[PDB]
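Modelling step: build the complete structure from the supplied sequences, incorporating the hints.
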Amino acid sequence: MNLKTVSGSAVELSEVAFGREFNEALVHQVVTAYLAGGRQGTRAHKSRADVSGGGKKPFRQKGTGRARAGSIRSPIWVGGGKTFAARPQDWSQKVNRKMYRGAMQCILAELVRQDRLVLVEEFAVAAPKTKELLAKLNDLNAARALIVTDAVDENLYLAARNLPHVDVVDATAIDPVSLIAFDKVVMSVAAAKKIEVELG
Amino acid sequence: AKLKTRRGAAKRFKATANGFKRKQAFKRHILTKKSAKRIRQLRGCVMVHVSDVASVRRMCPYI
Amino acid sequence: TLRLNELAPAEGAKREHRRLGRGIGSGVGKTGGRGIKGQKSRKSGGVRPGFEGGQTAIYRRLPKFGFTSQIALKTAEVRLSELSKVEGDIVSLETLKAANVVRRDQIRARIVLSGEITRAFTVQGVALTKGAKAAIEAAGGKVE
Amino acid sequence: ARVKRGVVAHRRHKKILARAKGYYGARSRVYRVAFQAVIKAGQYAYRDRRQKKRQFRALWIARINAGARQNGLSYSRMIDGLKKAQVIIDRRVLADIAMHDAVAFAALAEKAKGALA
RNA sequence: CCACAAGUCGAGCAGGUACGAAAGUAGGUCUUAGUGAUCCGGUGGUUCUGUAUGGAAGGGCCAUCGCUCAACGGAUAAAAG
RNA sequence: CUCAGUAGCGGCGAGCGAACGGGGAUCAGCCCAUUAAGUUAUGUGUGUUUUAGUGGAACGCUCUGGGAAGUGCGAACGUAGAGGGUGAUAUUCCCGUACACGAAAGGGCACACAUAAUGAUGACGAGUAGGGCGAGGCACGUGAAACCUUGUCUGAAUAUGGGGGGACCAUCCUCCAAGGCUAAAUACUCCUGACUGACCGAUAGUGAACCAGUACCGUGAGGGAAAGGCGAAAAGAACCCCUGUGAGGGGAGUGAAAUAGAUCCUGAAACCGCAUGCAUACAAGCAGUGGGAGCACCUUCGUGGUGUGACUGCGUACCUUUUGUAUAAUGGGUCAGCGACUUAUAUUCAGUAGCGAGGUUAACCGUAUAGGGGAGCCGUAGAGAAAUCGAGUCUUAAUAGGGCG
Ligand SMILES: NCCC[C@H](N)CC(=O)NCCC[C@H](N)CC(=O)NCCC[C@H](N)CC(=O)N[C@@H]1[C@H](O)[C@@H](OC(N)=O)[C@@H](CO)O[C@H]1NC1=N[C@@H]2C(=O)NC[C@@H](O)[C@H]2N1
Numbered sequence: 001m002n003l004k005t006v007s008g009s010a011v012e013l014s015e016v017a018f019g020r021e022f023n024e025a026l027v028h029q030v031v032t033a034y035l036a037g038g039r040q041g042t043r044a045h046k047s048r049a050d051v052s053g054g055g056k057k058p059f060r061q062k063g064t065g066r067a068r069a070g071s072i073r074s075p076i077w078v079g080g081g082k083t084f085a086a087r088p089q090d091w092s093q094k095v096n097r098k099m100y101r102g103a104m105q106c107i108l109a110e111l112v113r114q115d116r117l118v119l120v121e122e123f124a125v126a127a128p129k130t131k132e133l134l135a136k137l138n139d140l141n142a143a144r145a146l147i148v149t150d151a152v153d154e155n156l157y158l159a160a161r162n163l164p165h166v167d168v169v170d171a172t173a174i175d176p177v178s179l180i181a182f183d184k185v186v187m188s189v190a191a192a193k194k195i196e197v198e199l200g
Numbered sequence: 002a003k004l005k006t007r008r009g010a011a012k013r014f015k016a017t018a019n020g021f022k023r024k025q026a027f028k029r030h031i032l033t034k035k036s037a038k039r040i041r042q043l044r045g046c047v048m049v050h051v052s053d054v055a056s057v058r059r060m061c062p063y064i
Numbered sequence: 002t003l004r005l006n007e008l009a010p011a012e013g014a015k016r017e018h019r020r021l022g023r024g025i026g027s028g029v030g031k032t033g034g035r036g037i038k039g040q041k042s043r044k045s046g047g048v049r050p051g052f053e054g055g056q057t058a059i060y061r062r063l064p065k066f067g068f069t070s071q072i073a074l075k076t077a078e079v080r081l082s083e084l085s086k087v088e089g090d091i092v093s094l095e096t097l098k099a100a101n102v103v104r105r106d107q108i109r110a111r112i113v114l115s116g117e118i119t120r121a122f123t124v125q126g127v128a129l130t131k132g133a134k135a136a137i138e139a140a141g142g143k144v145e
Numbered sequence: 002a003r004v005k006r007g008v009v010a011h012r013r014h015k016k017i018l019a020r021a022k023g024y025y026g027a028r029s030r031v032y033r034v035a036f037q038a039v040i041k042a043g044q045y046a047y048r049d050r051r052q053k054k055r056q057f058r059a060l061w062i063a064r065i066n067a068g069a070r071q072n073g074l075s076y077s078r079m080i081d082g083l084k085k086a087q088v089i090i091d092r093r094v095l096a097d098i099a100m101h102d103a104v105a106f107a108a109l110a111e112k113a114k115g116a117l118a
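Residue numbers (the entry's author numbering), protein chains in the order written: chain E, 1 to 200; chain 2, 2 to 64; chain K, 2 to 145; chain P, 2 to 118.
Everything labelled a hint here was simulated from the structure, so no lab data went into it. Not one of these hints is a red herring.
Derived CB-CB ranges, DEER-like: (1) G30 (chain K) to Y25 (chain P): 26 to 34 Å; (2) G22 (chain K) to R55 (chain P): 37 to 45 Å; (3) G34 (chain K) to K34 (chain 2): 51 to 59 Å.
Simulated pairs of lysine-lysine, BS3-like, Cα-Cα distance not exceeding 27 Å: (4) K15 (chain P) to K5 (chain P); (5) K34 (chain 2) to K65 (chain K); (6) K12 (chain 2) to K65 (chain K); (7) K3 (chain 2) to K44 (chain K); (8) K136 (chain E) to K184 (chain E); (9) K184 (chain E) to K129 (chain E); (10) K5 (chain 2) to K65 (chain K); (11) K35 (chain 2) to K65 (chain K); (12) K31 (chain K) to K16 (chain P); (13) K65 (chain K) to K3 (chain 2).
We put the beta carbon where it would ideally sit given N, CA and C, even for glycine.
Written out as structure tokens, the structure reads:
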């Protein structure tokens, strides 16, 4: 497949990595799996065994005219245990290797055909200056963007740290949620070639 | 936990291509009074009945 | 298209889970599908699998039979078509294990006529059925 | 994800109590009694939507009978005479005319007995 | 015939027989009651298995033996007020 | 992590349940009397860390407003747009944040030398191995029961020697007991610092957000609560009046707001008053429902709206449990809040997605949802108790017949 960088240069990118038909069900499964894997899952409750006290029978089985009770920490009572007390949970899901790769290929192709991927021959900053990076992005008309480079320069990372709606990542660290969340993806040609070799 | 096989049922049943085979009862002893036809026809393996296949499957989950 | 609020699963992929005892309209209110009274209506109400009410069970009124062979646990069966996974032209126990068609603890293997092959193989130390030998020789291989 | 029931439960109880307006005593104040009272009111209304048609037909028949007997006929004979005369005016309109227009009802009775003769 | 486990009738084929000159008849008795699952053991046989190997012990398979388990589908080897 | 709920054990019941082999984490050996690796103290030196702290960018006008951080118009900083506060919602008001610095004096750790001391009463293992009797441990309940421990009684050979290979014998293979020391990978959280949460928000969350293991109960061991919110700021109401110099209230004043006035944000329901409209003192019952006159207020002046309801047809609550309940069978005095099919693992079936005669990794590594990791699992072939054969196989003298495929 043939693509056009912002300066008019021509780039050849494989159809497997950047031209796969969009599979919404696959993409949705992988994205929701990533979001679920982001969970921490730290919490707990106290069951009727965990609540303080409550060991003795409050009153005798028959003769008092009350409803029969076995413990004051019964889940029916105010201040008693929770019926089904929670424990910390692990929310990670398994994603098949091929399914993850196919979802990433679909995402990249859909970005290309929606014109949210912008290719550049080189993307570097001379100094770690937020204003420098801001002007550079305003030139390309990508003020809200995810920048993908073959390697992350320290100056570029420092310049991008404080900008809202801008993040910079390595070509080997792209993730499906971040590819979708940002308005545009600005990718260097070297990073595009590395992603081509990885095939998404 | 992993499902546990019921070992007695495992000792009584073995799996075939489309079912389970078993031995026949009433051949262990008291054999003199039995006719020759019963002696030879109660020998060998037969199939588990379809009414009992579900119970056998629950008892032996790995065969 | 392709936004975090414009992704949906395929139709039929997800269902709501069944919730018991939440009113008449749901259709599973009150008893929650358990019927009325009896052992099965209680918490942990099922009886043990294989229990038939007290009469001698199916797995106890039938006799035990047979014994387990130890060599069968270490004898391995190999389909002829599976030979295509072998890299190289020498078919042996070691190369079958390297191709992962034989588990590493097996001590012998047998090749049965199941599929088809096209390559020419040399079989060293592995037993062949009569059909498998003919298939190998027709494809152009040899034995030992 | 703890859920507090108060807002929705209060709304449901308030709707029931609003539908129970005008009832006596606890039937308009107390949720349990009011809820029993609203369901029974619905049951009665369902039954009475059927009973109303019978009651109004009975009223029409009684008024037609009075008019026919003023004109010298019984209700059954007047109905038979109208049937034989091919008049297909229904009992509601017949009773309305009997109550509000004596001359027209007399003409109708005359037609009925002419067909009977 | 039948919930299962079981139960019943059976022409015909092969081998070896008995009685008939022969066509033939005979897989117990005119028939329907005379009975007991599984487990555990004993006996005869066996071109099965045999924990390094050769054997063996033990196990399997075929035949058969040990129940008023009679509350007779038999909760324990073992139990009254 | 697999092997594997497999081999086995088991009133062969209920149940219990390995190992070999393979893949990883971590890796390390050194000695028995002239005596080692290692460890622990004290001192010295070096490095690092920790116990106070300092500097730290950049905003104006306008509208609403009690108050601006909010509207509208422009501007500046950013290696700082983490967070908190300020009279409503602030990168630029304050504390901070990124970043750059900082220590008289003390503590922790790491490495190297110095001296002690330990390792280290021990020099190749005799009342020991093995055996009889009774028990215990091994997945293994006396079983064909090997192996380990020993309460009791005994008892060797000692490198041409001895132990094991699941009764036992022979042969082969393998190791050297009756003497010792040894880091890491592993288990945990009273406590310290930083950070985090599809965890709770005062009947929840610790029993305890509040002077709580308190009040209170018990001889004692012990049991064990309830109870958060004025306002931005007390500016917490000078003074006058009624009253007992009381309580309480009415003015005045403060405040954006006092029906925010002290158990004070909001302020629901049960329950209890006052006021207005209509009905009601000759009529018998789950209290409504379908009709329906009159009256009062409103009114688009009506074939309208609101409230009431004379008179009239029909009509014995709800839940549960039952063959069957108005049942004089159960449960509920009422309101508000809480209160019951969950979670983990395995397995089977159905939908849906990927790949497809193939599918898929587990532990683990990994500045880490990626990428590596193929051990293992499922499918691809059955028959037979099994040895064995294999599109066949079992039974049989049979190529007959028959069963599973
Ligand atoms: N038009 C009508 C005119 C009628 C006419 N005029 C007649 C009339 O007018 N009569 C008036 C009668 C009124 C009434 N009877 C008088 C009355 O009640 N006096 C009360 C006098 C004593 C009072 N109890 C003391 C009090 O308040 N202690 C509290 C208390 O320790 C605690 O509070 C709660 N909650 O636990 C604490 C927590 O904050 O705060 C304290 N307080 C604080 N204040 C401070 C603040 O604001 N900031 C800073 C900090 O200092 C705050 N803490």
